[PDB]
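Undergrad: Could you build the full structure based on these sequences and the hints that come with them?
Number of protein chains: 4
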Amino acid sequence: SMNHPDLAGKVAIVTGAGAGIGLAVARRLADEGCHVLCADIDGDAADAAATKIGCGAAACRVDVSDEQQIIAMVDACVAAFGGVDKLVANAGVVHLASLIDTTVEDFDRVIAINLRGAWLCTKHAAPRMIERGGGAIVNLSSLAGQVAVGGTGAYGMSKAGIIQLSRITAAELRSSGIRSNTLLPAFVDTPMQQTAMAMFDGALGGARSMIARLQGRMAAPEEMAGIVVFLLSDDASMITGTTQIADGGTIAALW
Amino acid sequence: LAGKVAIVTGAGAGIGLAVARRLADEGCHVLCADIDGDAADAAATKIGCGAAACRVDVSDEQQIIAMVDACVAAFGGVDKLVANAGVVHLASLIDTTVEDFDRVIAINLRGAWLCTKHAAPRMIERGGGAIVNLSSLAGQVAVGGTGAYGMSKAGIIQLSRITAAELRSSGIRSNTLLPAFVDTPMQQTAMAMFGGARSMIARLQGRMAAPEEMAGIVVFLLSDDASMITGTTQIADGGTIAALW
Amino acid sequence: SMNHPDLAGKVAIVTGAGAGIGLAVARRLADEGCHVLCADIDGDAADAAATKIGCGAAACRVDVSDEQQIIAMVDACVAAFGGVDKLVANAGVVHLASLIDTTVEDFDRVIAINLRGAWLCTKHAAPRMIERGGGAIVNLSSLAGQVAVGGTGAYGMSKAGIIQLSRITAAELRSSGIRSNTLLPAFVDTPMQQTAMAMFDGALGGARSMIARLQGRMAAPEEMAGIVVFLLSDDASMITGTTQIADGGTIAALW
Amino acid sequence: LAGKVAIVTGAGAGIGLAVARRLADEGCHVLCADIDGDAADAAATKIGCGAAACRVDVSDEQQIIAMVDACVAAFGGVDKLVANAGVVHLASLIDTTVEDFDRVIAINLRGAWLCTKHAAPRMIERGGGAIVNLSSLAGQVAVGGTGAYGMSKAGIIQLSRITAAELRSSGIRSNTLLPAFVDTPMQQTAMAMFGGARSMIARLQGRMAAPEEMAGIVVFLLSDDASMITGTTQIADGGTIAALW
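Protein chains in written order, with this note's numbering: chain A, 22 to 276; chain B, 384 to 628; chain C, 22 to 276; chain D, 384 to 628.
Using C-beta positions, here's what the derived DEER-type ranges look like:
| # | chain 1 | residue 1 | chain 2 | residue 2 | range |
| --- | --- | --- | --- | --- | --- |
| 1 | C | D52 | B | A457 | 30 to 36 Å |
| 2 | C | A118 | A | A29 | 49 to 55 Å |
| 3 | C | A93 | D | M576 | 29 to 35 Å |
| 4 | C | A224 | B | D408 | 45 to 51 Å |
| 5 | D | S552 | B | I507 | 38 to 44 Å |
| 6 | D | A474 | C | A93 | 21 to 27 Å |
| 7 | D | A474 | B | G431 | 52 to 58 Å |
| 8 | B | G420 | A | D87 | 35 to 41 Å |
| 9 | A | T72 | D | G460 | 41 to 47 Å |
| 10 | A | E88 | D | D607 | 36 to 42 Å |
| 11 | A | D84 | C | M218 | 49 to 55 Å |
| 12 | C | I92 | D | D607 | 52 to 58 Å |
| 13 | A | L225 | B | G410 | 47 to 53 Å |
| 14 | D | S552 | C | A219 | 20 to 26 Å |
Simulated coverage check for chain D against chain B, where a stretch passes if three residues somewhere in it have a Cβ under 8 Å from a Cβ of chain B:
| # | segment |
| --- | --- |
| 15 | 525-536 |
| 16 | 573-587 |
| 17 | 616-625 |
Rather than coming from a laboratory, the hints here were simulated on the basis of the structure. For every residue, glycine included, the Cβ atom is placed at its ideal position computed from N, Cα and C.
TA: Written out as structure tokens, the structure reads:
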């Protein structure tokens, strides 16, 4: 576990901060001296995150499928802490259906919340970062956005779109002092994926053994948070437009 | 590929037209689908050899279903699909509007998916088939201005992988073609917003590619010569991303 | 199966043309109207390939670990057919050992034959191609050169080096009219890999079932030859410095 | 990382020196290995805090074995390894000689492998460890002139994957760092053969990177914060390959 003094007094917005990776990201950032706006679709969970964290952190409710609500989030961060230095777009949904059974309604929702949402956070965060002299962004994608996982079509399509979001953000805002990188976790112990791992094949492992074989073990959300906080830090001054693979080796070999 | 039935979306102009003509030269029955019915008819007419024309708005699932059915009615079934329908949009990430984002995704990514969603069951009925989704180098490397476009093209790259994955056991293959700079009306309009176009092309890619050059790759990807190629991202960029030029 | 009239009367050198992918490449090229020099470490196998093929094709012996022998190969192709338009570097060895047990002697041999060999073929082929107004090259690598396969360290290191060979060849010779691309087959029915698949784990599939799960089925060498001949053709005019994955989907998903 | 033991090859100058100093700031015992013994001593002396110096020619397996043993003797064992030793060579693909190719491979690729070969058993004896192999953007994207160099750097990228694969169950992680343009003597000499250096750097990467900036990534990759990062190729190129610049 490493420290970053460049993060003391910085302001960060974390979306999906109510549970899992986002709650883990919010708490780690607070411990680095950040002012954190914990945003979530579930208003109570957001309040509860800020309550767990302390460190003067604040909460707000955001449905990242609505642009106006994203604008109101950034406004609230500015009004609570004076500006915006860091962004972690982590809000998202998982959806499971074969590619040929997925409905348009489901696809639209998954693209709106995941892809359109991550973009809109960058669209309204970045202007405020430019005023501060630069900033850092991490969008959470998934291994399913670069490698196929059966049943994750819509989801995977949205998560691929996020991987490219970071590149185009890096390209367009590097001369404004802004960095953007994508984090690709594989299998993490969080409520969001617990819905997903209900997927049980004709074999009794297949989640438990699937995950052990591919990744070695289940990942703790805390292990993704240390990566996110590194990527937001000045130790990552030379890292922009990259896909950070944090999959415990999953795609490094034939397992 | 003689005797095979192919649907090509955006067949009215550009790569789609070169792809349709080229599949026709290979003995293939071709349904030319386009949002412009006159371009569709004009293409089918230009090609001549059995090709049918069809008007499709790939933002509308119902019309995509009708297009596949039209191809079954005209030709018996469906063996090959080339999803080339698309739109370009230019605007910075921060100046892009929700409406333009939604429309670019709807047409490019959703449309490409829906085309596979409904063509694939017909390929299953035939014992298998092959899909080539047309994306862009801009779906993998950021070109400034091309946010919503690029994001949608990136998602198509992933469409092909998930398709290949779930449908391999049904004998269906899917790959993405990533052209860079090709002489087409869709692009020429785009590129006309000018390290500017002319010299970038010469330097990265060597010269502008013809739509025909792309067509011969599509056809290769659709053929039994590509029988062990599936879920891949095919780069036809003249070296652009291979080197620091 | 598709045709290419642009290949009639073209001259191709195929190394490792005695068996497997190379024999398959040589025979397909002959059927496209190519003059083929079938080169192999095993002189008899080379003669026998040219004998199977007919079509005026010729044979020569080459140990691609020796530069002089590579020079003599190109000389013989020039003397037999007048020049050199196409190259397929396919000569190679497989070696199996854990990364920590591999000897220097074994590493050196595997790098010399695979990596140094493919390079040297390009070094002495390319000048002759430049005289003809351009040309095409395919180097055979392996999925093991981009993804880890346990026991293939040296081999995999050499095969990665080949993937980059193509990029640097494309870069340096594009303005001379020369294209270079790498083919990455996974699991093919050839004698070269049959040594490899003797690798049997604590489970009875593990080759048979390993290969079915990952790739769907065993690949026929003929299926790699159609890809090589495409890549050498003018239908690939816009393809240079790429890694052609012909793995039947192996790395497209979590299998 | 306090209390951990690290071997850094090529610690005498450049990224290696920044890596050694930076691990020292983190409470880590460091063996500074370099082909130049004076640079090794000078580095260990500059750092001061327990660091030992060691002369190594990574083309020679026997000296690599002695280096690991020296680190065990000095500090008890080995937890971390940073293989940064290397040489640059410039020559076109067709003008490169077998001798220069052999030497570049020997030092860069073989040397990096041998360092892992012998350090890893010591990491196993400790319950695990972490490796960072230093490669180059030139190992993935072709820079003209850099053939043998690039080929060797590409192989290192694969070293890290096979290492991660076979050694994950022993608690060992391995990753590659791919810097682009960093202000170091090794590079400055290289880059001095001048779309030329100054402007390419500004355009692709934004500015030249400091060796320190690279060091902080190495340290991150060696830390328990990177506990779910293994077999990866870490890109620290300031955006170079993310966009068409």
